[PDB]
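Undergrad: Given next are the chains, with one letter for each unit.
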Amino acid sequence: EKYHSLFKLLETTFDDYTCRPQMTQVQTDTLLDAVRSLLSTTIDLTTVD
Amino acid sequence: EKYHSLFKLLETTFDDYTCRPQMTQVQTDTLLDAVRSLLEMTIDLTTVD
Amino acid sequence: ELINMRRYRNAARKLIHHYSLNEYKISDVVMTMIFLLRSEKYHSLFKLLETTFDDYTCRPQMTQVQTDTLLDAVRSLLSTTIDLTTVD
Amino acid sequence: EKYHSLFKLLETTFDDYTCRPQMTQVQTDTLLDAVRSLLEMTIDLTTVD
Amino acid sequence: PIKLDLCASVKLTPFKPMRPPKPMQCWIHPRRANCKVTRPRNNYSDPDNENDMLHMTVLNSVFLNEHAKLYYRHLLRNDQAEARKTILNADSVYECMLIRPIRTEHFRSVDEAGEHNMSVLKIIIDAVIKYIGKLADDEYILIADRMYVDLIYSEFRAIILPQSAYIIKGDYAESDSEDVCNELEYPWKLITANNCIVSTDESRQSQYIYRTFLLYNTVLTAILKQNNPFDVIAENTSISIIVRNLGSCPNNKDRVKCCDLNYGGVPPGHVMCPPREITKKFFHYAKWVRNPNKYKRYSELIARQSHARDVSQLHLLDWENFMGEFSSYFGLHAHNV
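Protein chains in written order, with this note's numbering: chain A, 1 to 49; chain B, 50 to 98; chain C, 99 to 186; chain D, 187 to 235; chain E, 236 to 572.
Next comes chain A alone, as it looks inside the complex:
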């Protein structure tokens, strides 16, 4: 459940890529820590995209 954001990311990527949805900075940091926990090498918006 902690990766709900990635749920919607992969849902939008279905069919069309759409774009990279904007997001608040605090949510950016939290999702970056989430992906971190999910990885390894340093990550950022570009790598998650």
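It should be emphasised that the hints constitute simulated quantities derived from the structure, not laboratory data.
No residue lacks a Cβ here, since even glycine has one placed at the ideal position from N, Cα and C.
Treat the hints with caution; some may be incorrect.
To be verified - The calculated SDA-like cross-link candidates involving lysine to any residue, where the alpha carbons are at most 25 Å apart (straight line), are: (1) C:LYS112 <-> A:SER40; (2) C:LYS112 <-> E:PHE561; (3) B:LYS57 <-> C:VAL127; (4) C:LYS145 <-> D:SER191; (5) B:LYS57 <-> C:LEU134.
To be verified - Partial list, computed: chain D residues near chain C (C-beta under 8 Å): (6) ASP202; (7) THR204; (8) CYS205; (9) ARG206; (10) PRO207; (11) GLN208.
Since chain A is already given, all that's left is putting chains B, C, D and E on it; use the hints.
TA: Below, chains B, C, D and E alone, put in the same frame as chain A:
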């Protein structure tokens, strides 16, 4: 600074290059006016693509 | 942040390192030059690489203290012993 | 001393010399006058190159 | 062998005020004799108390402070171990750990982990960074144990362990003089004060960089499934030969060949490759452990100048850049710094 919207677009183009960026309508006519100003040509979104 | 500075640091470092050695992409040069441009401490390099465009223009003649400044700027991105010959 | 500008141009030539130094217009005029005094003349910038 | 200063220096047998445990062993610490773990025979009506883990650690008595209080405890705060207390037996000393891991919690020694689960790794780095944060800028520390901090760690926690360290309260008498070595009650201060030293900028930087390297060595140990030789403080061991064997970072001579190390999970690459000369100077700073009182030889050492001053400053700044990229590698924050 006025064309910094096109600047973010050309920054995002460094990504997977399969993304299609998205922006609101008023952001769209702002981009179109900016590109028309730099070109001093009318211009359309196919030109942006 | 307009530009995620981490990749800018890394790209600048690796490009200049390979140049000092003697695999890359034009976008990489773009990221390195914008790394430069963002770095306020590297304005001497701004103008060096600005002039280098097109013809080779002129290496600026700089006071030796500014030479040490630019040499430290380079060494930070690597530190190894260097000289004006390598940077030229 | 009256040809110190010419000497500093010599010092520049000593360097990588793959890029002519740029000089103010008054610097160019002084350089030309000094070289004309030395050669004891007409001279121009092409001869300086 | 203890004697008194009277007209006959009598040999005194070191008295043993505590049965030394014969079955000295910790399964979480199989390579350590001073480390001993054990599970108590809790009230068997309650399965919950079964989880209670108890670990005593042996060590010399010198590590206690002037107040007969062990140094790491000073840096301890908001501890996670269920309880702790010190144990003085002659020169020897012991330090028992009460723990109550939750119904599934399972701790394990940081050593040789290799663990790539950056979630747990970040738990440990948070524990250690917050712990060392209790250090004062004008107060400094050395770790005679090794070049890192021992600890154990479960999925839920990262329990710290007692350390063979020595507190040293330096004092930088700022020109604008407007914690003091003479903190006793006035009468007692009339006799003596702390065995202080002269603080300064360079000593502050040296201690800060030293603790940072301790952090990085602990992180290595966590992500090293093999031996992390950096811990070794052996007298015969020299960092020169260490980096001669290991070589330097292939991606950049400047750093160490830590790209090639052996990692429990994902290798991180040349990320773990610190500049070498900074590590050398760090080891020289660490050699202070053997003569803590003589501070002039090590206090500023990491921040000292070998122009030579320019090289020292530049390379220290390079190490600072390494810390910056390290923190970015784990999304950290220098508010502790």
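Undergrad: Against the earlier hints, flag every one the structure doesn't satisfy and list their numbers going up.
TA: Nothing - there is no hint that the structure violates, so all of them hold.
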